[PDB]
Amino acid sequence: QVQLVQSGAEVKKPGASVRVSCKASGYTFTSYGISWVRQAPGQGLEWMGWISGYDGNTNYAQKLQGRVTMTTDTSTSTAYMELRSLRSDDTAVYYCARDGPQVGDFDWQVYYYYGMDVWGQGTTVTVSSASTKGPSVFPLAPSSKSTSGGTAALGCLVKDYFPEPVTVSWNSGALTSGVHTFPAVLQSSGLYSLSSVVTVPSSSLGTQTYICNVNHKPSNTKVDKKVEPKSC
Amino acid sequence: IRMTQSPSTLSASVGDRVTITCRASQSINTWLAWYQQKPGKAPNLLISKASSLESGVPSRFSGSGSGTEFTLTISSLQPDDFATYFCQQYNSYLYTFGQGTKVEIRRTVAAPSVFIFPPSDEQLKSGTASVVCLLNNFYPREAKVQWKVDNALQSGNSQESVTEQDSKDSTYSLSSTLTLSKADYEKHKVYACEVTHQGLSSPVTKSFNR
Amino acid sequence: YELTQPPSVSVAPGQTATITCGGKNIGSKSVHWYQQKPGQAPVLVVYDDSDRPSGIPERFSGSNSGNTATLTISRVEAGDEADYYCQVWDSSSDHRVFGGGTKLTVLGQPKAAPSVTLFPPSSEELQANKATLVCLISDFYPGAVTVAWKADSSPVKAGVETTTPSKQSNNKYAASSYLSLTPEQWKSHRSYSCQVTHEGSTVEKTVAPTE
Amino acid sequence: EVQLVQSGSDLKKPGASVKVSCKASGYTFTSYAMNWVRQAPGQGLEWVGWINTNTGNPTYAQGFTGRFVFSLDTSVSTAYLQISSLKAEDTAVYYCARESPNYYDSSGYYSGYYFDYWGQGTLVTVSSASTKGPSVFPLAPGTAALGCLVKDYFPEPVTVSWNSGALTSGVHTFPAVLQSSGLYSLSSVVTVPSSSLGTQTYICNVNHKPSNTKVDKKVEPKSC
Amino acid sequence: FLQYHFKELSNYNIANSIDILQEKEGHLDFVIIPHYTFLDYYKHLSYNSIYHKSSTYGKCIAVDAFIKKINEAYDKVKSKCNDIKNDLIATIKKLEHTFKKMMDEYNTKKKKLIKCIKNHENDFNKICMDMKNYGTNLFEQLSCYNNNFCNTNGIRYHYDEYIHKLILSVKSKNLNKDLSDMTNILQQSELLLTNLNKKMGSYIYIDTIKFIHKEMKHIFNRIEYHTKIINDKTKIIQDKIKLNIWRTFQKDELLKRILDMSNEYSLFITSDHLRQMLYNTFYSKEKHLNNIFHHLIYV
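Chains as they are written, first to last, in the authors' numbering: chain E, 1 to 232; chain D, 2 to 211; chain B, 2 to 212; chain C, 1 to 141, 149 to 231; chain A, 144 to 240, 299 to 500.
Keep in mind the hints are simulated off the structure, nothing from the lab.
All C-beta atoms, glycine included, are put in the ideal place defined by N, C-alpha and C.
This list has only true hints and no planted wrong ones.
Simulated crosslink set (BS3-like; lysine-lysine; CA at most 27 Å straight-line): (1) A:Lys-221 with A:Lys-313; (2) D:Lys-207 with E:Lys-226; (3) D:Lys-39 with A:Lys-223; (4) C:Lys-229 with B:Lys-188; (5) A:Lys-374 with B:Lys-112; (6) D:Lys-42 with E:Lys-12; (7) B:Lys-206 with A:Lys-486.
Going by beta-carbon spacing under 7 Å, a handful of chain C positions derived as facing chain B: (8) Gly-112; (9) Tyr-113; (10) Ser-192; (11) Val-196.
Go ahead and model the full structure; you've got the sequences and the hints to work with.
Here is the structure:
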């Protein structure tokens with residue numbers, strides 16, 4: 001039972017610096033290293049750097065050289081990672097992994113070939129200029145072009161909120177079956193927007209009422225908007 | 002230093018033998034790690050060096066390769082294995098990762114239930130207009146959505162998002178959002194979205210009038 | 002203005018600790034350095050570029066080499082374990098600017114295995130229809146212990162509140178983990194365990210709903 | 001000698017206002033500038049601003065203007081910092097530091113804008129959570152250990168003495184845990200000799216001052 | 144290519160001897176001695192390999208990292224038996240404080314524990330094999346500056362920093378005295394039990410004392426076995442290191458010497474480690490005999 005427990009998520013304005021802690025546990029941290037790999041939203045894994053618990057040595061990626069610093073505190077066996085002068089392309093999820101103590105050592109590393117085995121849950125870092133804003137909830141009413149027999153679709157538009165994420169719920173009666181919530185997509189404004197829809201048999205439309213439950217914890221915003229059909 | 006996988010979005014079923022290749026730009030000797038990552042989760046180490054899959058890894062994973070190319074084999078796919086796989090280089094301290102191989106469950110080929118939604122009255126008051134074209138319940142993921150305002154093609158003003166996969170019927174759902182100002186929304190009347198899918202004999206057009 | 006400081010610095014007692022303060026054109030700014038011991042107020046230790054206040058020991062050296070200020074503490078004692086901040090004045094904004102700060106850690110201590118003492122719920126608590134299991138992990142070094150609970154060897158995750166190890170009087174660390182159960186859940190199992198893993202060595206203690 | 005003695009810790013609900021005092025002694029109060037620096041629990045020092053102790057003119061850092069007011073009571077050599085419309089973010093240790101002399105330059109180089117003497121720091125705690133008394137339970141036991156569990160209390164600090172003080176060597180009072188509930192819990196354990204069962208009545212005295220809670224609990228082994 | 148003497152781990156001719164250790168009341172652990180020695184032998188091989196030449200001295204903590212991860216993996220397989228292991232612990236707990302049903306419970310759980318170890322043989326074997334492949338890879342890549350005059354600094358260093366201390370620790374202890382004092386304790390418990398199990402009839406205690414005494418004689422036998430090995434290997438080791446320390450060897454002779462030394466150490470470390478562990482369990486069960494015998498007051 002060995003684990004790395006990282007610091008809470010961060011929301012930082014561009015230019016500021018951020019420190020991400022990775023506290024290791026139940027192993028001999030002094031004779032092991034720690035790497036850092038970040039994952040932009042929607043993309044792959046990009047290596048950041050490595051830092052040992054023996055030498056206190058470091059290897060930083062050329063693309064990040066000078067802007068990143070990462071030290072180790074073997075008394076609490078915690079590994080830190082400070083990325084200064086944050087920019088929009090730094091918005092990503094940051095991960096720390098237990099590595100070999102001499103990675104970019106003078107010669108060979110045929111003494112520990114195991115890759116990065118133990119890792120951390122990750123720390124989401126959001127580099128955005130936008131201010132904390134609650135979402136605007138607009139209804140997606142079922143009409144005659146979105147009705148095609150005994151199958152009718154309806155939903156909600158959760159637009160212009162920052163940061164994320166949001167939660168959707170249709171009063172817990174239909175959220176058990178046929179709920180299709182789309183992941184957020186960041187707009188050029190720097191505010192997120194997403195749509196969440198549900199599909200119900202057309203017969204229910206006239207008797208069953210559909211109200212919308214949206215929750216945005218960062219702004220403590222909770223919205224209840226009714227989704228009723230429009231006479232068109 | 003330049004890692005390049007083979008398939009980006011593979012589609013296999015439970016029991017199949019799955020093989021993913023990982024090619025490189027330069028020479029690596031035996032140092033290529035393989036990792037498994039389910040969306041929304043931290044990665045997990047699978048294999049290191051040649052085929053030394055660290056303890057606790059299903060005894061059905063395997064790695065063969067040396068030089069510029071390698072392969073990751075799953076002898077018989079299990080439901081847990083449906084995730085995305087990555088390869089890593091470590092000949093030199095400057096680690097590099099592959100583009101990733103997402104493994105999807107291949108089900109039947111079903112067409113998308115297309116619905117269109119005009120901007121709500123509340124949004125129209127706020128000086129904004131977002132028109133959503135929803136494609137619901139289909140397979141494969143590959144679907145083409147084109148927007149036309151007064152029969153004219155639009156480009157750049159629309160954003161797409163997709164549900165990864167449904168838990169029960171294991172189909173995709175897609176949302177295409179066309180955003181324009183209220184001022185220019187009133188300058189047009191007919192709004193339509195054309196959907197082309199591998200299991201739609203002819204393109205489906207869903208439209209409405211302002 | 003950003004003053005860029007390394008988050009932590011660990012040193013061998015008797016050797017010298019070097020804390021860097023980077024910043025745009027810092028060579029021109031007169032940098033100050035403060036010492037802040039746990040739960041205490043900061044104390045000016047280096048004031049001018051390399052000037053030392055009255056009562057600050059000669060070990061504390063301060064410098065302004067190129068684009069980076071360096072606070073060097075020679076022949077490091079255990080008492081030097083603290084957070085250190087650098088501080089400049091910005092002629093543009095008339096603002097005093099503090100650095101990120103650096104934790105200085107005296108690394109001179111030996112491996113100390115945790116001492117685990119697990120307590121079951123009391124009569125009073127079960128009389129109040131509640132059950133709390135208390136795991137007390139003390140005298141361990143270094144600072145990190147992994148706590149995993151078990152119920153008849155089955156892992157328990159829901160209801161674990163575990164502190165972060167706080168350094169003790171004797172310099173070893175102490176952590177306290179709590180598992181909350183209902184009297185029903187407590188009596189529904191043969192035994193509950195508290196497993197504490199430190200430097201790849203697992204210390205175990207088990208408690209049973211005895212009668 | 002120069003000494004900056006501040007006011008005691010404070011807990012207020014969001015929206016309320018605080019006024020932290022700073023009594024200065026051993027120096028000509030109006031002859032030296034007074035600064036205010038803040039610090040959240042687990043972060044760096046934040047310069048809030050400074051005040052001229054002769055004119056009373058304050059200078060605030062970016063964004064620190066509006067809800068923060070520096071004032072003086074030169075008669076009793078005391079500097080104040082008033083925070084109105086409190087927010088949870090304002091929960092922090094606030095220091096008052098004396099500013100040693102300074103020397104400006106046409107090119108901006110200087111003699112120092114350093115704080116030679118500081119205050120002990122006054123903690124401000126902003127939390128809508130209400131103050132609750134603690135439930136104390138006895139933890140019945149080559150040695151034996153017996154303790155006291157203090158659960159569901161807020162805020163700090165919660166103390167514990169054994170046998171009304173007579174018992175102070177051998178007592179490890181563990182730090183509090185902040186639970187998902189937002190309330191604190193801590194335990195105190197005393198290492199007891201193998202054959203000290205039935206000698207002195209082990210009584211733990213728990214005092215939670217913020218709620219005027221005083222609980223004396225006898226710790227005796229399980230009757231059965 | 145060398146003649147390693149720890150080579151097979153899947154040669155069913157020699158039984159995989161499992162040691163049970165109950166250092167503290169209510170805790171249990173096991174060691175598969177073949178695996179312990181195997182793993183240790185390749186730990187000495189790896190270290191003697193990196194210490195032979197000065198250029199590789201520093202790489203020590205990377206070997207430490209590997210060995211630790213290997214150990215971490217072996218423990219993961221041992222924990223796969225925890226269910227049966229814990230099932231046995233509570234059984235002993237009930238047995239030390299029905300006796301036919303109790304003893305049937307003990308026998309069944311103990312046998313299921315060994316059966317468990319048999320189930321995970323392949324997993325343990327892989328973890329040990331990766332360690333052999335490692336040690337052999339390092340040792341195979343061992344070179345000298347002059348193959349006819351190979352240095353012996355690696356052997357000397359490794360012995361001083363890794364093995365010597367244990368030799369002094371063993372010599373400081375009088376293990377033969379420990380065994381004489383243990384026989385004295387066992388003879389005492391038998392005398393007090395036979396004299397106690399003559400007439401006054403109270404079922405519960407008689408059975409518990411007979412059981413603990415049985416366990417204690419088994420643990421004693423294991424202590425005597427290891428102590429015997431420790432004595433043999435202490436003389437052997439001390440007398441051999443003297444001849445491989447201050448000189449030079451031909452490459453082939455140097456490797457023969459390192460192999461031999463590593464095998465000796467491995468057997469020594471194994472039975473030493475087990476000796477101390479069983480010593481703690483013998484006196485742990487003795488404390489329980491003292492308690493039950495003292496608890497025999499009729500008031």
